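Visitor: What follows is the residue order along each chain.
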Amino acid sequence: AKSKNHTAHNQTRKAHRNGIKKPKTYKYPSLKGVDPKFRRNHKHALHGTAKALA
Amino acid sequence: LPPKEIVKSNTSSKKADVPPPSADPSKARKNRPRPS
Amino acid sequence: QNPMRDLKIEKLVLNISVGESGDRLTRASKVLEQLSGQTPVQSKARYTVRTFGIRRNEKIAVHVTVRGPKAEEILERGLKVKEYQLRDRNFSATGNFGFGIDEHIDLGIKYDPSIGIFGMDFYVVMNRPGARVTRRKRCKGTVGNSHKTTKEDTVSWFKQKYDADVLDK
Amino acid sequence: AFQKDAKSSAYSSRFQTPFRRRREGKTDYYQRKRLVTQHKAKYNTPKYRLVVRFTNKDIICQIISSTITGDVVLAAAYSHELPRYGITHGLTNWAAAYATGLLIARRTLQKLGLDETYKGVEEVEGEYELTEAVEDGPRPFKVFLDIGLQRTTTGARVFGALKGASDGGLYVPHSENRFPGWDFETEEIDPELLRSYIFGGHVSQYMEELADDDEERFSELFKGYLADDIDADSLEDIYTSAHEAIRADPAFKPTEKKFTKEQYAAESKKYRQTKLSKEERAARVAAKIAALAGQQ
Amino acid sequence: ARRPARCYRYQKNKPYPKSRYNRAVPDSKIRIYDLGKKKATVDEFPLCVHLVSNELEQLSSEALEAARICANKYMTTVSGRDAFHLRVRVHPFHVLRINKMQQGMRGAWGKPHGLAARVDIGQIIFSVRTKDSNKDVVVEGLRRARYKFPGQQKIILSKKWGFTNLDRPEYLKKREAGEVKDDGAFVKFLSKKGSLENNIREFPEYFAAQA
Amino acid sequence: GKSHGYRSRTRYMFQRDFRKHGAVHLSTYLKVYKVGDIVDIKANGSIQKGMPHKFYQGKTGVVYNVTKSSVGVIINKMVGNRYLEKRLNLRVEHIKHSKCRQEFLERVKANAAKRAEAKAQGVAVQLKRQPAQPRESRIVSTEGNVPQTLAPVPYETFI
RNA sequence: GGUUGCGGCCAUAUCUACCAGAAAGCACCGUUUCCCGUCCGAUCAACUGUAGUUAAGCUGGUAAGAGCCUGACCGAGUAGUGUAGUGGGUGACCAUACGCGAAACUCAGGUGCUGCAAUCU
RNA sequence: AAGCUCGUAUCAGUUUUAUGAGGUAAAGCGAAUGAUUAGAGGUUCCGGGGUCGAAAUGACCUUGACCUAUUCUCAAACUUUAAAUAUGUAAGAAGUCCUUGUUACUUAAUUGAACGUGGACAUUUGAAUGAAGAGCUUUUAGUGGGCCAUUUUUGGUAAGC
RNA sequence: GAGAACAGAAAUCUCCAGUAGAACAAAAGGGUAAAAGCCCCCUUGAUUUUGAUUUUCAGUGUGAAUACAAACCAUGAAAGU
Ligand SMILES: [Mg+2]
Ligand SMILES: [Mg+2]
Ligand SMILES: [Mg+2]
Ligand SMILES: [Mg+2]
Ligand SMILES: [Mg+2]
Ligand SMILES: [Mg+2]
Ligand SMILES: [Mg+2]
Ligand SMILES: [Mg+2]
Ligand SMILES: [Mg+2]
Ligand SMILES: [Mg+2]
Ligand SMILES: [Mg+2]
Ligand SMILES: [Mg+2]
Ligand SMILES: [Mg+2]
Ligand SMILES: [Mg+2]
Ligand SMILES: [Mg+2]
Ligand SMILES: [Mg+2]
Ligand SMILES: [Mg+2]
Ligand SMILES: [Mg+2]
Ligand SMILES: [Mg+2]
Ligand SMILES: [Mg+2]
Ligand SMILES: [Mg+2]
Ligand SMILES: [Mg+2]
Ligand SMILES: [Mg+2]
Ligand SMILES: [Mg+2]
Ligand SMILES: [Mg+2]
Ligand SMILES: [Mg+2]
Ligand SMILES: [Mg+2]
Ligand SMILES: [Mg+2]
Ligand SMILES: [Mg+2]
Ligand SMILES: [Mg+2]
Ligand SMILES: [Mg+2]
Ligand SMILES: [Mg+2]
Ligand SMILES: [Mg+2]
Ligand SMILES: [Mg+2]
Ligand SMILES: [Mg+2]
Ligand SMILES: [Mg+2]
Ligand SMILES: [Mg+2]
Ligand SMILES: [Mg+2]
Ligand SMILES: [Mg+2]
Ligand SMILES: [Mg+2]
Ligand SMILES: [Mg+2]
Ligand SMILES: [Mg+2]
Ligand SMILES: [Mg+2]
Ligand SMILES: [Mg+2]
Ligand SMILES: [Mg+2]
Ligand SMILES: [Mg+2]
Ligand SMILES: [Mg+2]
Ligand SMILES: [Mg+2]
Ligand SMILES: [Mg+2]
Ligand SMILES: [Mg+2]
Ligand SMILES: [Mg+2]
Ligand SMILES: [Mg+2]
Ligand SMILES: [Mg+2]
Ligand SMILES: [Mg+2]
Numbered sequence: 002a003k004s005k006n007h008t009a010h011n012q013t014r015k016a017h018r019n020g021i022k023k024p025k026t027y028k029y030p031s032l033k034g035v036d037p038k039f040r041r042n043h044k045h046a047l048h049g050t051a052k053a054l055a
Numbered sequence: 020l021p022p023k024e025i026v027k028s029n030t031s032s033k034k035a036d037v038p039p040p041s042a043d044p045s046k047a048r049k050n051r052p053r054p055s
Numbered sequence: 006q007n008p009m010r011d012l013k014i015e016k017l018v019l020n021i022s023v024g025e026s027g028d029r030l031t032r033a034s035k036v037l038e039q040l041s042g043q044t045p046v047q048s049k050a051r052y053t054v055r056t057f058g059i060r061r062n063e064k065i066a067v068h069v070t071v072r073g074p075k076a077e078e079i080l081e082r083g084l085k086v087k088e089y090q091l092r093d094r095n096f097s098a099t100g101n102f103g104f105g106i107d108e109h110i111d112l113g114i115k116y117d118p119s120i121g122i123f124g125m126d127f128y129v130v131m132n133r134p135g136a137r138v139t140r141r142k143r144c145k146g147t148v149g150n151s152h153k154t155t156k157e158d159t160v161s162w163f164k165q166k167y168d169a170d171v172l173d174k
Numbered sequence: 002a003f004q005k006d007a008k009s010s011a012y013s014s015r016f017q018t019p020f021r022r023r024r025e026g027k028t029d030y031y032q033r034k035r036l037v038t039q040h041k042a043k044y045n046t047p048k049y050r051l052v053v054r055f056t057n058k059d060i061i062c063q064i065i066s067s068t069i070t071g072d073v074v075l076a077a078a079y080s081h082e083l084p085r086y087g088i089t090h091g092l093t094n095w096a097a098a099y100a101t102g103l104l105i106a107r108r109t110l111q112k113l114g115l116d117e118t119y120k121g122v123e124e125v126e127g128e129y130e131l132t133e134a135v136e137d138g139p140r141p142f143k144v145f146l147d148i149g150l151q152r153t154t155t156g157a158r159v160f161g162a163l164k165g166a167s168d169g170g171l172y173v174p175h176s177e178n179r180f181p182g183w184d185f186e187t188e189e190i191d192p193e194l195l196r197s198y199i200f201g202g203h204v205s206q207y208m209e210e211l212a213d214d215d216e217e218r219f220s221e222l223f224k225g226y227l228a229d230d231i232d233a234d235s236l237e238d239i240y241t242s243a244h245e246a247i248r249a250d251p252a253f254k255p256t257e258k259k260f261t262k263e264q265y266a267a268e269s270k271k272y273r274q275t276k277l278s279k280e281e282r283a284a285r286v287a288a289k290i291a292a293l294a295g296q297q
Numbered sequence: 002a003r004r005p006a007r008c009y010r011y012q013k014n015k016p017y018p019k020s021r022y023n024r025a026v027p028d029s030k031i032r033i034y035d036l037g038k039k040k041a042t043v044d045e046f047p048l049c050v051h052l053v054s055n056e057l058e059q060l061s062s063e064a065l066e067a068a069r070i071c072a073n074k075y076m077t078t079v080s081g082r083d084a085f086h087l088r089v090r091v092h093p094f095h096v097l098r099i100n101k102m112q113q114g115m116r117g118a119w120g121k122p123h124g125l126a127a128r129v130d131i132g133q134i135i136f137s138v139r140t141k142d143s144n145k146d147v148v149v150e151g152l153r154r155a156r157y158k159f160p161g162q163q164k165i166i167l168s169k170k171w172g173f174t175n176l177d178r179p180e181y182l183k184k185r186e187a188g189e190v191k192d193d194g195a196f197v198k199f200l201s202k203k204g205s206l207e208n209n210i211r212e213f214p215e216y217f218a219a220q221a
Numbered sequence: 002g003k004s005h006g007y008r009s010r011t012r013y014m015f016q017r018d019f020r021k022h023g024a025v026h027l028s029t030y031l032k033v034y035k036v037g038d039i040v041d042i043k044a045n046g047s048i049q050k051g052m053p054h055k056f057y058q059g060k061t062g063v064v065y066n067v068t069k070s071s072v073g074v075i076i077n078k079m080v081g082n083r084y085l086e087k088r089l090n091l092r093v094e095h096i097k098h099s100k101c102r103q104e105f106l107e108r109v110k111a112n113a114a115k116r117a118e119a120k121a122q123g124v125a126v127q128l129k130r131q132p133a134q135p136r137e138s139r140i141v142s143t144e145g146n147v148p149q150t151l152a153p154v155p156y157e158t159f160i
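Residue numbers (the entry's author numbering), protein chains in the order written: chain AC, 2 to 55; chain i, 20 to 55; chain s, 6 to 174; chain m, 2 to 297; chain r, 2 to 102, 112 to 221; chain 2, 2 to 160.
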């Protein structure tokens, strides 16, 4: 038998029950998906800056 | 000796094998000169 | 005011519309070949009509582009065949002109029935100096109206040379 | 302008104009894009082109980088400059291309500092070579050949500037197969022929080929070369002459002051006509309404 | 066979014209839109009376033609074939659909059924030009065509000259000056813009700065 | 049935900004991007490689990666009741430096200026933005400004 | 200021018709031994800068020109639109309140600006 | 439900300001495309008619279609233009600025890139309003037939469809 | 559009105008003019390695696609692709 097909009725109310909430920005964010050639060098760049300060 | 084989090539995009739009029997003439 | 509006012939193109392929064409091209000195160009059929008994891309015509002094030779060599007279039609309003002659043996060349006889379309395309702009690669430009070949100015050039006459109307 | 041809207001309203330097048939933008643009991970380090153009018989060789507000010339060197260096006639021959090539091929490197370093090839036996980098030291200046709308035919003079630019010391990536003396079938190069073209052996041999079969076109063609008593032989040495002459001094000295700029601004503005005032036009057409419609 | 006109009075759907998509549409039942002395000149007929809709509805081509003939007939029959220029100003481009009744209302997309013109409020339906001596007669023509129509529409006297977009004094100022130039049904006007030489061969009567 | 392909419904969104078709002008390849730049996303219908999906049109984000032809842009997409981090590998031709911060940077330099000149003489700093305040009293004169008394206009027809 | 080479914005730059352009520069232009390409040295390649012209290119100016760009309480606070009422109307639809607000039209003005290098009475 | 880490810290179905994106409403058609009424003027060695015609690339009438400047009228799958409402981002200490280490990346180049050291400027520290605080984790129920009203809106003559 | 023996509405040749009115396997919509279309030349990157990303989404899978890394190649004077 034919039932209802689709609605977004009331789905905004549910989303806002526990709200829509901001994306929690982070200083020092991830490096996921950054040019590996850059990462490879940046690695040694910083082991350099690290071993420097001894 | 038959001369060297140089063949002209065409710049026309049209590739279908069909007469163009003006090539229609509509544009002939009834009693055109027809040397007798 | 012309020190430089001095009309040349740019190309002369002969063309025999041999409405079929094979032997008849490869001999009608031989005709232009011992008329031109150059190797002529086979033209393929554009589409297929079958009233003219042809097929698309069938190699049904040959033509040849000849330029400069060698063009004046063949132009006059055929202008004789037409008694140095062609008509007030037969001139493009863009300045060029051409004519047709059957029985191509009236151009000096002998008969040799291993070919037979062919007709030719003569077309003479003309221009003043500095036609380069229209056909060079860099800075391709179009010529001023002051300078383009017109019809009235090119029949007068045709009368003035050759002692031709223009025709009715 | 045939009546059957004039263009509608609709045609012109909806018409998109190309870029000015394309309307002027001067820039291949499709080529410009791929010459200029840089790898985004280098982030200002500019892509220096070696533009090589050809006036009707004068040779232009600037080295230009591009900027959002306009291409900026690092060095320029003109084939009219060779008078300075030992060359007087036909400054469009393949060997003037090589010359100016060499000229900017040394001009920049002193403007840079890699002059004692990266001197290029000096003993020009016409070999195929690139200015290789020095062990434990700066890499050579790298620039690429903007040949504009020239059509890169085998053995053309745009590549003559290349050979001299390369031979002076610039690192300009290039193959050999369009250097005069590239063999069509065997994928190899004749250096004996290319050294000729670098020096003149095709115009020297033109001189020794007209001095005893046609003195009536040698008459005017090459007029200058007789008017200063130097025959063909003898040509390799007006060019090696200059090769030394520029490798010794590249320095661009410019032209003498000679009716300083503001004077030119005066004596050309005589001929620059300026537009008419709106009231002038208003009266200029108000003359016409009286002069034509008002029953003569 | 033709469905009663109440089923399509209102603008319930978005315009459904004949189209590359719709494309099966019957022919409009009204095919001639200018009537009377349509070849006449603008000076021939200064007065203009409109039939204007006061509703936001749809007029069937069936009713449009049916009402033009009823009006145009009355006009000629009492004024003469060339006494008026009748223009109907709404062309019925909107295709009405219909569901042709062992199945149900599964897949119930209609087939084209008839045409209709979609008229706004204040939209002019009939525009007719004559000379003021007629107005009583031609007004009475529109009044009779009105009875062919669903929904109130009202007659109105134009402040304009015939089918021009200028009121009568503004027109006379324009012509008794010499900026109007007759054309087949209509006239052209003297622009202050464009080429001056090409402005003077046409409208030469002007530029005397006088009549 | 229904159709939901990657470029569905993009007809006018990827349309070409009329009388501006053709090869893209070269300034957009001369612009430079560093990690952390805030860029806008508008797709360039001429450049089909590396183009953003329609959802990120009109969207703005931050550069997290730079490569030879492309920037990597970080975008905060709201799916359900929470934002997720979406990472787009976009071609330079679909990317635009953003004036979305330009006030704030123009106004931080101007703030420190007024602050320099505020610790320079008696400290009157006054450099936070306030919204438009309502008007203050003023005196309207009638010298050559005596008023036109307007009445409503009757109903005409005009057609 | 002119001009060229390379440009950025890409019509205020394009289109139509006329007219003017000194100097330099571009250009058109001469040649076919050589590299190179063509049916055709027309294009493309090379050689000369010598033999030749501002005719065209290119620059600038003219036009109640077309197009384009800009402005205006020009139209227009119109059309549309967010919000409100136990507002009017059988309805179709409509007015009012608190806000936002076009497009056409019309008139006015405008017709490329500018970067790097070199060069010029 | 159990809490846990914290607490003037961050927080928001809101406004403001700065900067974006969009092609709906309206509008437009003497702008493109596609429709559509009407005349007026053009144009053929080049559509058919048709007097003079032996014919003519012939004059002439005729109806045709094309061109020109006008005219009435239109579009969910048309459009130059183009709202309202909705929509992305930004409004600082994770700030701004300077000084000059690291690297195998990158540059002609200690050039840049990235990350760093030292240093300079404190709550008018950078709009409004609000905040019985903010953030975080685990586990589990029921539900997964919906229906109605204003507005927008598809199909249907329509329906308490 | 104007022009050239047979040649006709339609064969082949030339010039002029031409913002795309064409063409790009196909449906349609985008997009494209020294091209993305047409002719030619050289080719096998339609290849090798394992990851990240976008769309659908549960932010599973599959399809498809994007931008890098590491190879070995193609093409071009070249930057490039
Ligand atoms: Mg079921
Ligand atoms: Mg049900
Ligand atoms: Mg269900
Ligand atoms: Mg083709
Ligand atoms: Mg002259
Ligand atoms: Mg035959
Ligand atoms: Mg117009
Ligand atoms: Mg190229
Ligand atoms: Mg409704
Ligand atoms: Mg409906
Ligand atoms: Mg039924
Ligand atoms: Mg049943
Ligand atoms: Mg069905
Ligand atoms: Mg069906
Ligand atoms: Mg409407
Ligand atoms: Mg009624
Ligand atoms: Mg009007
Ligand atoms: Mg669908
Ligand atoms: Mg274009
Ligand atoms: Mg692809
Ligand atoms: Mg001069
Ligand atoms: Mg050449
Ligand atoms: Mg002149
Ligand atoms: Mg020029
Ligand atoms: Mg100009
Ligand atoms: Mg104008
Ligand atoms: Mg409202
Ligand atoms: Mg209520
Ligand atoms: Mg109500
Ligand atoms: Mg109203
Ligand atoms: Mg839509
Ligand atoms: Mg629309
Ligand atoms: Mg609408
Ligand atoms: Mg509009
Ligand atoms: Mg239209
Ligand atoms: Mg049409
Ligand atoms: Mg007789
Ligand atoms: Mg606005
Ligand atoms: Mg918001
Ligand atoms: Mg508070
Ligand atoms: Mg609290
Ligand atoms: Mg649960
Ligand atoms: Mg279920
Ligand atoms: Mg259940
Ligand atoms: Mg309610
Ligand atoms: Mg129901
Ligand atoms: Mg397609
Ligand atoms: Mg495969
Ligand atoms: Mg789905
Ligand atoms: Mg999941
Ligand atoms: Mg699964
Ligand atoms: Mg996946
Ligand atoms: Mg997968
Ligand atoms: Mg799929």
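Since the hints were made in silico from the structure, they are not lab data.
Any given hint could turn out to be false.
[What the hints assert, rightly or not] Below are the EDC-like pairs computed for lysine to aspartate or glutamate, each with C-alpha atoms no more than 20 Å apart in a straight line:
no. : chain 1 : residue 1 : chain 2 : residue 2
1   : m       : 143       : m       : 130
2   : s       : 145       : m       : 130
3   : i       : 27        : s       : 126
4   : AC      : 28        : 2       : 144
5   : i       : 27        : s       : 78
6   : i       : 33        : s       : 63
Visitor: Need the status of pair residue 143 (chain m), residue 130 (chain m): alpha-carbon distance at most 20 Å?
Guide: holds, 15 Å
Visitor: Does the structure keep residue 27 (chain i) and residue 78 (chain s) at a Cα separation of 20 Å or less?
Guide: violated, 25 Å
Visitor: Check whether the Cα positions of residue 27 (chain i) and residue 126 (chain s) lie no farther apart than 20 Å.
Guide: Within the cut-off at roughly 17 Å; holds.
Visitor: Regarding the pair residue 33 (chain i) and residue 63 (chain s), is the alpha-carbon distance no greater than 20 Å?
Guide: Since the Cα atoms of residue 33 (chain i) and residue 63 (chain s) sit roughly 16 Å apart, the hinted pair holds (cutoff 20 Å).
Visitor: Assess, step by step, whether the Cα of residue 145 (chain s) is no farther than 20 Å from the Cα of residue 130 (chain m), and give holds or violated.
Guide: Between residue 145 (chain s) and residue 130 (chain m) the Cα gap is close to 37 Å, so the pair fails against 20 Å, i.e. violated.
Visitor: Does residue 28 (chain AC) pair with residue 144 (chain 2) here, judged by a C-alpha cut-off of 20 Å?
Guide: With a Cα-Cα distance of about 64 Å, the restraint between residue 28 (chain AC) and residue 144 (chain 2) is violated, given a limit of 20 Å.
In the structure shown, a violation is registered for the earlier hints numbered 2, 4, 5, in ascending order.
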